[PDB]
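Novice: The lines below spell out each chain.
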Amino acid sequence: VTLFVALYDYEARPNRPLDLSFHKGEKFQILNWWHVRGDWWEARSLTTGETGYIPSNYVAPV
Amino acid sequence: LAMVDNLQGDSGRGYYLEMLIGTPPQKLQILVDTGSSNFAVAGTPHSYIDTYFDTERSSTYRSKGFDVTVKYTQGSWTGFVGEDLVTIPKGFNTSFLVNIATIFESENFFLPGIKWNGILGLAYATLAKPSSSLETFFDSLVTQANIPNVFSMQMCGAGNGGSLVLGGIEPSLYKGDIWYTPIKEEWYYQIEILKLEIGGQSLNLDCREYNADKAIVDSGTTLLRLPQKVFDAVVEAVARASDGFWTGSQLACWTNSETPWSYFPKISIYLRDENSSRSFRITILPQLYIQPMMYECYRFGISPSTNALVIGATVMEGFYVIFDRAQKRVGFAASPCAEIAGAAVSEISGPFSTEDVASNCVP
Numbered sequence: 006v007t008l009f010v011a012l013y014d015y016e017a018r019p020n021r022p023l024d025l026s027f028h029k030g031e032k033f034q035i036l037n038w039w040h041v042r043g044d045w046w047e048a049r050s051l052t053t054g055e056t057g058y059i060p061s062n063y064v065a066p067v
Numbered sequence: 016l017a018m019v020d021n022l023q024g025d026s027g028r029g030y031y032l033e034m035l036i037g038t039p040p041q042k043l044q045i046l047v048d049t050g051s052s053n054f055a056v057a058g059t060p061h062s063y064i065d066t067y068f069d070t071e072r073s074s075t076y077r078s079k080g081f082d083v084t085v086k087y088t089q090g091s092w093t094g095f096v097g098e099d100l101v102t103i104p105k106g107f108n109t110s111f112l113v114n115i116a117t118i119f120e121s122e123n124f125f126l127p128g129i130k131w132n133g134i135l136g137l138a139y140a141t142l143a144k145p146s147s148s149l150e151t152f153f154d155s156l157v158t159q160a161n162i163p164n165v166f167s168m169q170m171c172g173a174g183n184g185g186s187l188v189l190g191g192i193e194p195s196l197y198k199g200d201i202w203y204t205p206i207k208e209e210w211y212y213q214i215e216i217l218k219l220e221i222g223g224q225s226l227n228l229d230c231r232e233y234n235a236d237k238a239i240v241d242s243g244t245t246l247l248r249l250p251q252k253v254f255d256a257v258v259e260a261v262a263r264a265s272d273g274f275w276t277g278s279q280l281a282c283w284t285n286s287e288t289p290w291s292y293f294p295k296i297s298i299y300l301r302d303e304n305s306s307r308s309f310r311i312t313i314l315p316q317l318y319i320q321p322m323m329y330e331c332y333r334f335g336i337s338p339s340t341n342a343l344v345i346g347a348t349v350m351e352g353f354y355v356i357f358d359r360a361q362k363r364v365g366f367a368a369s370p371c372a373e374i375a376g377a378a379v380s381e382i383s384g385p386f387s388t389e390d391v392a393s394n395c396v397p
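Protein chains in written order, with the authors' numbering: chain C, 6 to 67; chain A, 16 to 174, 183 to 265, 272 to 323, 329 to 397.
Just so you know, these hints were derived from the structure itself, not from any lab. Honestly, I wouldn't trust all of these hints.
What the hints assert, rightly or not - Anything over 10 Å on all C-beta distances counts as not near chain C; from chain A, calculated:
#: 1; residue: 122
#: 2; residue: 260
#: 3; residue: 279
#: 4; residue: 280
#: 5; residue: 287
#: 6; residue: 333
What the hints assert, rightly or not - Capping the alpha-carbon separation at 20 Å, the derived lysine to any residue pairs in SDA-like fashion look like this:
#: 7; chain 1: A; residue 1: 130; chain 2: C; residue 2: 21
#: 8; chain 1: A; residue 1: 130; chain 2: C; residue 2: 42
#: 9; chain 1: A; residue 1: 218; chain 2: C; residue 2: 21
#: 10; chain 1: A; residue 1: 130; chain 2: C; residue 2: 22
#: 11; chain 1: C; residue 1: 32; chain 2: A; residue 2: 279
#: 12; chain 1: C; residue 1: 32; chain 2: A; residue 2: 207
#: 13; chain 1: A; residue 1: 252; chain 2: C; residue 2: 22
#: 14; chain 1: A; residue 1: 130; chain 2: C; residue 2: 47
#: 15; chain 1: A; residue 1: 207; chain 2: A; residue 2: 310
#: 16; chain 1: C; residue 1: 32; chain 2: A; residue 2: 282
#: 17; chain 1: A; residue 1: 130; chain 2: C; residue 2: 32
#: 18; chain 1: A; residue 1: 130; chain 2: C; residue 2: 18
We put the beta carbon where it would ideally sit given N, CA and C, even for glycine.
Working from the sequences, and respecting the hints, build out all of it.
Specialist: Next comes the structure, spelled out in structure tokens:
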């Protein structure tokens, strides 16, 4: 699995600067699996092109 | 006398201990880190943290009049150095005056998903910043409570938490004989590594390369980190017994819940026993090095390192590690909680010969 598809629409909270805000159906590329810690993964959105953290439960594999 | 306290979290996020600081006591989540010697907490509100330690709200806080900057592998912070009372809930009934660093500014330290808001430095005084003169949490605990200079760890994060015994060993947390490896350098928890085996077959490298800069045991680090020259040979050896899975750029998913562990070999680390002529073996099954994410997807739990060889929380999840600071040795024993639904994930064997092995491996 290389890419991850967004299952639900997520709006990042203002107090969370490294959190990615995404729409349902958005594709992501997880940077490094070695730096993965918990239910929040540092991914790269294919729509916006920005680097940030996404909730693991909100995404599905491709 | 020993304080047996319950640990929360897993190998991934990091094992954290609950602490009460100051008067009135402030409940904070403190990560157990054996790769550092500084007891630091968040002193200001920050992103990705629910609570922090307010020095102005504590009547027992005494400012030491200075601050220190500490850099990590991926993270840095600057915090006010002072001293306050620390009481561990389920543990000891009495409070202790220890050195505390209150973080006011940080770069990539408090990350998302992380449940802790503080760090517990359990290594030797020489590593502690600013200097060795600043007494570590355990050194102040050993002096005040008059407890043996020994602390043991038991990690149970197979996929509840753990147990940190401050002041000795609890025999119920292990099975079999404890195999002790001497601490060569009293800074980090540096132990002598002589050989590495992959499913029976052993790779060939000068034993001085296994101790690259230092071969340490760290609770803070998640995966087993190997040096750049060593990591490459391991990747080649496992591949012969087993696309961007090895480079950590991709995963490896196996359909209909069938375990990939049968396809993967066994990784064994050879450590020099107290008796110079003999050495023991710490074996980790693929259950600990092929970590499950989220029918289910799996990642490679081995990463290269620029400087040192780190025996992370993934390897420590299988063994009951004893940090005997009083006798300059690190203990290893089979853990009962280190079993995925009855099936064992770790193997400890010995004694083995060092006759056709180099006299000294620490360069």
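Novice: Run every hint past the structure and note whether it holds.
Specialist: Each hint, compared with the structure:
Remark: the non-interface label on residue 122(A) is consistent with the geometry, its nearest Cβ contact in chain C lying 12 Å away (cut-off 10 Å). For residue 260(A), the non-interface assignment is confirmed: its Cβ lies about 19 Å from the closest Cβ of chain C, beyond the 10 Å cut-off. Against the 10 Å criterion, residue 279(A) falls within the reach of chain C, whose nearest CB is about 6 Å from its own CB. For residue 280(A), the requirement that its beta carbon stay farther than 10 Å from each beta carbon of chain C is not met, with the minimum near 5 Å.
Distance check on residue 287(A): its Cβ is at least 17 Å (rounded) from any Cβ of chain C, clearing the 10 Å threshold; non-interface status holds. With a least beta-carbon separation of about 5 Å from chain C, residue 333(A) fails to lie farther than 10 Å from that chain, contradicting its non-interface assignment. The suggested pairing of residue 130(A) with residue 21(C) holds, with an alpha-carbon distance near 15 Å, which does not exceed 20 Å. Distance restraint check for residue 130(A) and residue 42(C): the Cα-Cα separation of roughly 10 Å lies within the 20 Å cut-off, and the hinted pair is therefore satisfied.
The suggested pairing of residue 218(A) with residue 21(C) is violated, with an alpha-carbon distance near 45 Å, which exceeds 20 Å. A distance of roughly 17 Å separates the Cα atoms of residue 130(A) and residue 22(C); the hinted pair therefore holds under the 20 Å criterion. For the hint pairing residue 32(C) with residue 279(A), the CA-to-CA distance comes to about 15 Å; that is within 20 Å, so the pair holds. Distance hint between residue 32(C) and residue 207(A) is unfulfilled; the C-alpha atoms sit about 49 Å from each other, more than 20 Å.
Our distance criterion of 20 Å between C-alpha atoms is broken by residue 252(A) and residue 22(C), whose separation comes to about 37 Å. Annotation: proposed proximity of residue 130(A) to residue 47(C) holds, straight-line Cα distance about 16 Å (limit 20 Å). Our distance criterion of 20 Å between C-alpha atoms is met by residue 207(A) and residue 310(A), whose separation comes to about 18 Å. Taking the CA atoms of residue 32(C) and residue 282(A), the gap is about 19 Å. The hint holds against a cut of 20 Å.
Proximity of residue 130(A) to residue 32(C) is assessed by CA-CA distance (about 27 Å); at most 20 Å being required, the pair is judged violated. A C-alpha spacing of about 17 Å is found between residue 130(A) and residue 18(C), which places the hinted pair at or below 20 Å, so the restraint holds.
The structure is inconsistent with the numbered hints 3, 4, 6, 9, 12, 13 and 17, although it conforms to all the rest.
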